[PDB]
Every structure is written in C-alpha cells, then in structure tokens.
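Here the complex is missing one protein chain, while the rest keep their positions.
Each chain carries a letter (A and B) given by its place in the written order, and its residues are counted from 1.
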Amino acid sequence: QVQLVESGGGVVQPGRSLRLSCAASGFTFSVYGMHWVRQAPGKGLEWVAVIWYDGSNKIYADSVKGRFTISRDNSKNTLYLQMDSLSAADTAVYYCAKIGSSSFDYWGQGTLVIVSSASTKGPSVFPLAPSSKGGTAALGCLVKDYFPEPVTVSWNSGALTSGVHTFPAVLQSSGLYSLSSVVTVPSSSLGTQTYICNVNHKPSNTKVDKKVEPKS
Amino acid sequence: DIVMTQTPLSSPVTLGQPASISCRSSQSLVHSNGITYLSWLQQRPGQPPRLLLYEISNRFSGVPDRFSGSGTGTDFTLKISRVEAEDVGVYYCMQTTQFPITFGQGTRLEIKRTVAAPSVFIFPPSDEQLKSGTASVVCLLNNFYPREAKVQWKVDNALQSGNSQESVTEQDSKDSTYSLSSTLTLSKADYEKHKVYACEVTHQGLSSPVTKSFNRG
Partner (left out) sequence: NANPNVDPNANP
C-alpha cells in the first residue's frame, strides 16, 4: 500500500515558475531520500535531483542546476520541486521516486508540465451516441478544440473502466488538440445503465460531465 | 556521467516466446562495496515505471519469476521466459552507483499475436456541434491486430482526403491489439452539401472491405 501522489502540473509561460508536490504514504518518509525524474513526451527518463532524508544535502542534474530546487516537508510527508526560469526543453512528465531496494523502488503517477507561449483554450465536450449497434454497443465522448495537454476523461465518475479506449490527442490544423474516448458496453445496458463521461482540463479549469444517451 | 546503451530500440516478440533485452554501461557498475547497482524498470503504456529487478538479478516485490536478470560488470541482460500480455511497454535500465543517475534509452517490447478483425462503428456529428458551425464524423476501429490498417472517407460516394485525422492507441495489456479512431471535421455548410457519409476499412482480418455508413436524415 505504498503510494505516491503528485500534483502541481499545468501550463506555464517561458521564463515563469511552477511548483510540484508529491504526497508519500505507506512508509516512513523521514528516513528515505527522494528523487525527481522527468520524461519528455515520447522520450526517455532523465534524472533531475535528489534530496537527503532530512534535506541536509541536495544534488542536481547539470541541466537544471541554478533553476530547479528540491525540498521536502517531513511534517507533511510531501516532496517539492520549485522550477524557475522554465524553458520549452523542460516540458515533460515529472515523477518523484522513493529510494529502496538499491534502486527507485516506488514512483508517483506522473504530472505534466508544459511550457508554451500559446493561449489556453478550454475544450468542448460532444456526445458520440450509440446507434448502429453483436450484443456489444459502442459510445463515447468528443473532447475538441483545447490547448494545451492534457485532459482527464473518465466514465461514470471512474466506475466504468473496462472496455475504455481513450485515444491519444491529435494536433489539429488550428493548433488545438482533439481526442475521443469510447467504451464498448453490453447492448442490454444502453438504457438500463446511465453512461456519463467526465472531462477535466486543468489548464483552463473546465470540468464537464456530459451524459451520452442512446440514439434510436 | 556513466553512459547507458540499450539495444535494440524495438523488439517484436511472439506471445509466449522468450525475450531478452541488453544494457551496456560506459564503466563498471560495481560499487566500492562490491555490489552492482543496476536495475531494470518496466513502463507499461500510459503508466509510471515499476521496478522489476535490482542489483542485476534480484526480483522486486510481486515480480513474476519469469523475469530474470544476468550479466555482470558492464553488460547486462533482462530475460523473460514467457512473454505475456501484461509485458507490453518500454523497459529501462538504471545505474545507481554514481550520483549523476543515468538511465538507458529504453527498449520497446511489441507483442506479436494472431490476426484480429477491427470492429467498425461510425458516429454522426452531434446536434450540439452542429449549432457551433462545425461537424465531426468519427469512425471507430476497435481491437485489431496488426496495427496496419486503411480507413477511407467516402463522402457522398466520393473519396475524400485532407479533412481527416487519425489516432491509434497503444498495444493493449489484456489482448495485445490496437484501436483506431478517424475524425472527419467539416463545416456545417459543407456537411449539409452531401447525404451519404461512409468510412471504408481494409484490414488483414477482414476478407472484404467493411463499410459503415449513415445518411444525414
């Protein structure tokens, strides 16, 4: 039940700052050093910084020396990372990692930090109703015209998980993203069971819950 | 910095067959205390990395016995005796003997399986989007192998190119298939200029091309 939960990701203008958090549970946070690792979209893993169990010593990667600062609050079991003077090269998914088993034994889920000079645009959720229907029908939602990445798409507030295929976003010709999230469900539940898609675009603060009704 | 070189970049292995991933370091990873601090990481699609092996060959908590580790010094190998469906993703080697912690580039493990035919569903644009002036027709291809497929948009029985974008999912961890969505975005004026909207799919599983169509009425 060792679980690491990160937060603080979003979009930031070049030169500005952003602070990430990492909640630790299931172990004694005060006696383990911590790491920060990042992964650019489609690229590999790159170490960022390490902090001692008490914050007495700190080591940084050469690419982030002088801009990133690692810290921790053992009274909260939380690991922090202040990122100043951000660049488009710093766009990546950032992980915190616990030391253990002579390796990085446990990781957080990852949070996305994007550095872009483009305006933030909220999405517009459109329903994909089941009509053409053997006993397994398909329905979904359309998250269209948003920027930047990402969007959190869940079904039935997280209750519907099987058969879901959230497609990767595609950069349209208008510089805006648009993905689709579908789910195959038994045809006997198109009217007995209610299906709602939950969309959340963090950079624009837009939470949309849209019901996908059938289409006879 | 110790340079980690992983080979190859992609490995197409058949289901149930053994697989092996090599990792090479620029220096010896044996520390001053005589312990080789090399680890193997597994990153499933859309998930964080999880620890498979530490200190070359030691298995982490809840790691299946089919994952194995060998090699010593500067050459290392991660071996899977039976490749299963949960084994999809990228694998990274990591050193923790020096403090500039360096990772490998990664080895993507693609799983070869039998042919699977795609499930073709078409979705007309919503009336809510029609009020916005735009209209998007989605063509869904669900659970198919291999990844190669061709989706052709025929608006009013006329091949259309240039107004459609596609998105293929990653290989699934339950059936090792793929899913594809093709969105044809047109204006409402151009949408009401035609009647029959169809997407024709050709796949290795499909003997004859499958066409899903709807009319604006």
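List of remarks:
Everything that follows uses one rule, which is that a contact is a pair of C-beta atoms (placed from the backbone, for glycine too) under 8 Å apart; a residue touches a chain by one contact, two chains touch by 3 or more.
Among B:96, B:126 or B:179, only B:96 touches the chain left out of the display. Listed residues A:23, A:99 or A:164: the one in touch with the omitted chain is A:99. Considering the whole complex, the residue from B:37, B:40 or B:144 that touches the absent chain is B:37. Even with one chain removed from view, chain B keeps its contact list with that chain: residues 31-33, 37, 96-99, 101. Contact residues of chain A toward the unshown chain are 30-34, 50-54, 57, 99, 102-103.
As a working rule, only the chains that are shown with their structure count from here on.
Centroids of chain A and chain B (each the mean of its C-alpha atoms) stand 18 Å apart.
Note for the complex: chain A touches chain B at residues 35, 44-47, 50, 59, 61-62, 95, 101-110, 124, 126-129, 131-132, 138, 140, 142, 144, 165, 167-170, 172, 178-180, 182, 184. Looking at the complex, you find that chain B touches chain A at residues 35, 37, 39, 41, 48-51, 54-55, 58, 60, 92, 94, 96, 99-106, 119, 121-126, 128-129, 132, 134, 136, 138, 140, 142, 165-169, 179, 181, 183, 185, 212, 214.
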